[PDB]
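Form deposited without the ligand, single chain, as C-alpha cells, below.
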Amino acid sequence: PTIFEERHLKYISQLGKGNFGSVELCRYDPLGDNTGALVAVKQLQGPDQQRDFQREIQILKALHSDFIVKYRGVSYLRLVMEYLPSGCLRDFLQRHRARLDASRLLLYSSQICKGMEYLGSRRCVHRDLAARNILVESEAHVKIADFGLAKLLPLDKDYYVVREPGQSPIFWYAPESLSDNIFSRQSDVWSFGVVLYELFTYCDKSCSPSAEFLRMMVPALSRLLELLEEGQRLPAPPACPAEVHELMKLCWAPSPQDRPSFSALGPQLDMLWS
C-alpha cells in the first residue's frame, strides 16, 4: 500500500524535469494488464542530493492537507505521489482564462493560503512557491506541490540561511533572499504575492513576472534588487480588483516582519469571496 515494488511501476511519460530530478507519469500495474492506477513518480536523475531527496520525502510524508499534494509512498530511490492529470496551475490558467472569473481566482488564492498556513504550522518553508509548482486537482480545487527546496525550521530559529545562491527564476524571491539568501515563512508570503499576481494575469506570458520585471529593469539580480529596494513593484494586473492588488502590495512589504501572515491573509481572501 505505502511500498511500491519497482517491477510494478510501468513508465508512461515525463511529467517534468527540474534540477536535480524528474517527475514521471507511471502506472502502478501489478496485474500487468494496463488497468492499474496512474501515479506521479519523483526520482533523482549525488550524495548531498540523496540526503536532500530523503528530506523532501520525510517532509511530504508528514504533510496531511487537502491543499498539499498527497504522498502515496516510496519504491526502493523513488517518491510516489498522486497524479493530477490537470497538471500545473500556470498552464491551466492559460488554457481556461476565458472560463475562470475573479471569484474562481480568489478561491484558488484562498486554498493556496490555507495550504501555506498549514506548512507554516509545520515549521516548513517551501522556498519555491510559483504557479508552475501548484497543481490543479479539479476546476474548484488547487494543491501545493514540489517540495524539492522545502526546509524545516529548527525550534529556536524562524529563518534559514542558504549557502549557495538560488537556481530558480529570480522574479519570485524576496529582497532578503536576493541580498542574503535568507528564507523564512515571510519570504514565502512575498512569493505568495507573486502567485496572486500570476493568478490575476492568468499567467499571461506578455505581462509575466519575468517579462514585466525585465522591462522595468550590472548583474540582473543586483538590478532587480535595486528596483525593489527603491519600492518599485510589479504593476496591478489588467482588470485586477483594487483590494487584491492592495493584498499583493502587503505581501510585498520591504521588511519581512511587516508582511501579513498566511492566517491574516486567509479571512481577507475569503471575505473578497471564494
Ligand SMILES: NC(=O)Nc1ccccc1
Given for the second form:
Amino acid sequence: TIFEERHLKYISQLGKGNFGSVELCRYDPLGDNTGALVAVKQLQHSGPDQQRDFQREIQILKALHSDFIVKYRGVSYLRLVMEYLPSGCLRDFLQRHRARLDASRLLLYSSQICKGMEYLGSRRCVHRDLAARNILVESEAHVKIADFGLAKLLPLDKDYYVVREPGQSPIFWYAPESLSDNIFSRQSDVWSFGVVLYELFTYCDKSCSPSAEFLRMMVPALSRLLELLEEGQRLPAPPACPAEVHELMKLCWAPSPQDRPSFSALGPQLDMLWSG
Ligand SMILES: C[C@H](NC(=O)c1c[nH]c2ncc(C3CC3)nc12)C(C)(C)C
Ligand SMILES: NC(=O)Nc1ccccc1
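So the form deposited without the ligand is up there; where is the form deposited with the ligand bound?
Full complex below, order starting with the chain above.
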C-alpha cells in the first residue's frame, strides 16, 4: 500500500481535470521494465485547500471496495496509486466500438454503473461528477466508476451538500438544484446518471451530445439551461432507444429530487430490461 517514488517510472499522461493529473507509470522496483502498470494521481497546486481535498479523495477511495469502482492500490509520499485500465474511459470506448455493442451490452454497463452508485450511496458518498468520461472500462463486459476528485461524504444528519464555488464541469450533467443553488446529493447523482444513460444509448456521439442538443434548443447558457429544464424540456430519446430505457431517463430527470428513483430502485429495473 506504500509505493516508493523512485520505483514509479513515468510513461505518459492519462488525464487532467481541476488541479490534478493522472499519469501512466510502471511500478518497477527491479528497474528492468518488467513491473506492472499503474495510474498515478498527483496535485500540481501547493494550496492547502486542494491538498486537503486530495487527502480526502484518497481516504474516500481507500475505503471503497467494489467490483464497480476503480481500485485503490496505495500511495507514495503526495501521489494516489490506482489500477490502470488500458481500455480507457467509457466515453471513448463507446465511440470506438459502437458497431459491436448492442442494447443488452449497454444495459449491462447501465446496471454496473447503477450498482456502483448504489454502493457509493450506502457509504454516504456523493460522486458529484458522474459522466461517461469518468467511467472506466475494465473489459468488454465490465465497467467501473472513477474520478473521485469532487466526491463528498455526507454527514449522518444531512442528506445534501452545498458548495460555495461554482462548478467547473460541463453544465449539461448538473441537476437543476445544483445549477440554481449549488446543492448536491445522492439524488443529483441520479439526475447525472440519467444523462449517463443518454450517453450510453447515443454511444457518446458528439452530434447528439447533451451540448449539441442544447445549442439546438437555444442570456447566459446556465440560466437558459435552467429555464429549459424548469419548463419541462428534456433531452430527446436517442435514435433507436428502447422506450423503457427512455422512460427511466425521464424518471431520473424528475424536477424534484425526492421524485427521482433511488439507485436501489433503478437497479432491479435495469436488470429486468437486460434480461428481456
Ligand atoms: C484521468 C482519469 N483517470 C483515472 O483516474 C484513471 C485511473 N485508472 C485509469 N486507467 C486508465 C485510464 C485511461 C483513461 C485514461 N484512466 C485511469 C479519468 C477518470 C478522468 C479518466
Ligand atoms: N437532463 C436534461 O435533459 N438535460 C438537458 C436538457 C436540454 C439540453 C441539454 C441537456
